[PDB]
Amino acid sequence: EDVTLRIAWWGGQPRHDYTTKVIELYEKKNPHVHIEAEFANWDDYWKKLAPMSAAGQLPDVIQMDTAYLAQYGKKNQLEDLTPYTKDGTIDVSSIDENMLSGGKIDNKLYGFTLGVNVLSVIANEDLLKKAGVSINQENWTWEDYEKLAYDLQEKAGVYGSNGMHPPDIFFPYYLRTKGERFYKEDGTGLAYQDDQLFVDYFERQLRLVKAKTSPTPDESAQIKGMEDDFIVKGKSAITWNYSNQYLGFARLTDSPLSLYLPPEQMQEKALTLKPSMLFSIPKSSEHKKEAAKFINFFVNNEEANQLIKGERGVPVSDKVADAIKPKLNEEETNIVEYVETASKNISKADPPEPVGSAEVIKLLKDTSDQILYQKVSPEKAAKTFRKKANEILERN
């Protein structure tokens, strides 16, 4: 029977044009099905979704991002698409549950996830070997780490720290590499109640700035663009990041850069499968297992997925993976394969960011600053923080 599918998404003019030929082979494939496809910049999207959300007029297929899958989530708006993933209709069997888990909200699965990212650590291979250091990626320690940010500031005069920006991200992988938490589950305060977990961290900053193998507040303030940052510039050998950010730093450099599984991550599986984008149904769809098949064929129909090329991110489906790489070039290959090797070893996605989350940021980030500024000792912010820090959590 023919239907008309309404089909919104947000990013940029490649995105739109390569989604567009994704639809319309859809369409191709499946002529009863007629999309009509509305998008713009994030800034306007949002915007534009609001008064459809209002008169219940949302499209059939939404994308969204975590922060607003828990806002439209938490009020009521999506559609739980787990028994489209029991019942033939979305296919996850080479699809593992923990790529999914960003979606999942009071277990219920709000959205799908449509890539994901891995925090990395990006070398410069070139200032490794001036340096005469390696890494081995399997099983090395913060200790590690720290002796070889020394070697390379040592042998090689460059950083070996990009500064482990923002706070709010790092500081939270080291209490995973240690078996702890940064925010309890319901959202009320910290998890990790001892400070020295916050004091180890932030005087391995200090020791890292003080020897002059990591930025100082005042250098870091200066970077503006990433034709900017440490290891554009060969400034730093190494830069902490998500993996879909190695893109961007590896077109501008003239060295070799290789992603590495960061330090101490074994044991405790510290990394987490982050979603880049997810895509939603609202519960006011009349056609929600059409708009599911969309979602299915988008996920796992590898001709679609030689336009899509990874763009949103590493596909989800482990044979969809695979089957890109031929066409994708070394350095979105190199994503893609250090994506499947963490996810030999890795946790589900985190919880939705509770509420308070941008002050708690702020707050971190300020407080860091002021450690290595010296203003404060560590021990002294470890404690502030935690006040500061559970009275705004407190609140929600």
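Residue numbers count along the first chain shown, from 1. Compared with the form deposited in another entry:
When the structures are compared between the two forms, the hinge, where C-alphas stop matching one rigid part best and start matching the other, is found at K327 among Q153, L49, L25, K327.
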Given for the second form:
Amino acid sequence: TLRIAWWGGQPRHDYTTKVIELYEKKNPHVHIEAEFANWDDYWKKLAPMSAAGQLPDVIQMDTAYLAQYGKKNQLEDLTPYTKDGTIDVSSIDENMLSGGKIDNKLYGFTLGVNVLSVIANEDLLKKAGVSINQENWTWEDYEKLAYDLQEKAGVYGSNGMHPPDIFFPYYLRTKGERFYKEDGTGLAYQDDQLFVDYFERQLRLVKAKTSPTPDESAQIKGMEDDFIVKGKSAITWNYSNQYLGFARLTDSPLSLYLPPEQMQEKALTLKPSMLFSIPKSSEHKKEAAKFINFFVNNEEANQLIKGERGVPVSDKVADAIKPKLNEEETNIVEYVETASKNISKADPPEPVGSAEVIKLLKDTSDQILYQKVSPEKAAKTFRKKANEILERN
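Show the other one: the form deposited in another entry, since we just had the form deposited in one PDB entry.
Chain alone follows, minus partners and molecules.
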């Protein structure tokens, strides 16, 4: 019994089932049991599963949790499988796979590459009479756009920039700063005004009713109820590949735009979108590795995936599936190519303590948006606690 688990929304679950069925057709001795959840529920269910020694054989993994699992003896080093050809890396440049490495070991195999984007509903932009001039626009331009969208189109100008552990670090990079120290022992940025400026802007957007309160965001059941899909927001902040799921769930014309203020500091990164990992507890490690190889290198399988989990890490596969892509699937490839004319290498995997820092920043953001703590005070409390968490590693 080969257990395979991932996070995502309905569009991802639909074709992943077909990829699994295709693997079983080609390998009829294999019976796969699939397990899936949305992002939040996925990590919540995975943690006590790992404590019980019951992780699935193939785990969809994120860089933000790679060290949390890999430095706590949960994950198998995949390097033997790349060395003996079980997972073929001949068409994968090793620089893409390094997003799954912790020090010397390969704890996750990168499945794709993506780039942060501002995704917009073109019909709602037109309703408000507004446009995005993506090459050069500023955070101030974005805030004005969000007010224009609420005042003139009656919709949000932000989906919430959720979660803060993605978009506050993006803001830091637009200002030439960094969230984590390279050694992982504390926060890199030293000027609390950066935190204050970011969360003051979030508070203004919420108070102007152009961005959701935490209680509204918590109501979102699954991807079909996300703001961009229901038309409650004209704007959503997501990775390039996530455009595809949205485009399959709404008829509205959606576009990918470069986020504000990426130009000067090359704030965007070519990020490992997600990974597959194998737990040390697995009784089917070789079969799990063979499934990973199939997922990344099989062209037929990738004609079902169509970049929904990121641009394929195999250049051979990524170019071979381009003729199969339709307009919306091609829009993502075009966006990544455009962003890549001014982009940075991804930062290494997040340090141990990332999982606790993520929740700390979400909790702190909630308190700011409910006006229970000022951004000035929260900057200080966040730094103190984040550094207490990180100094353990």
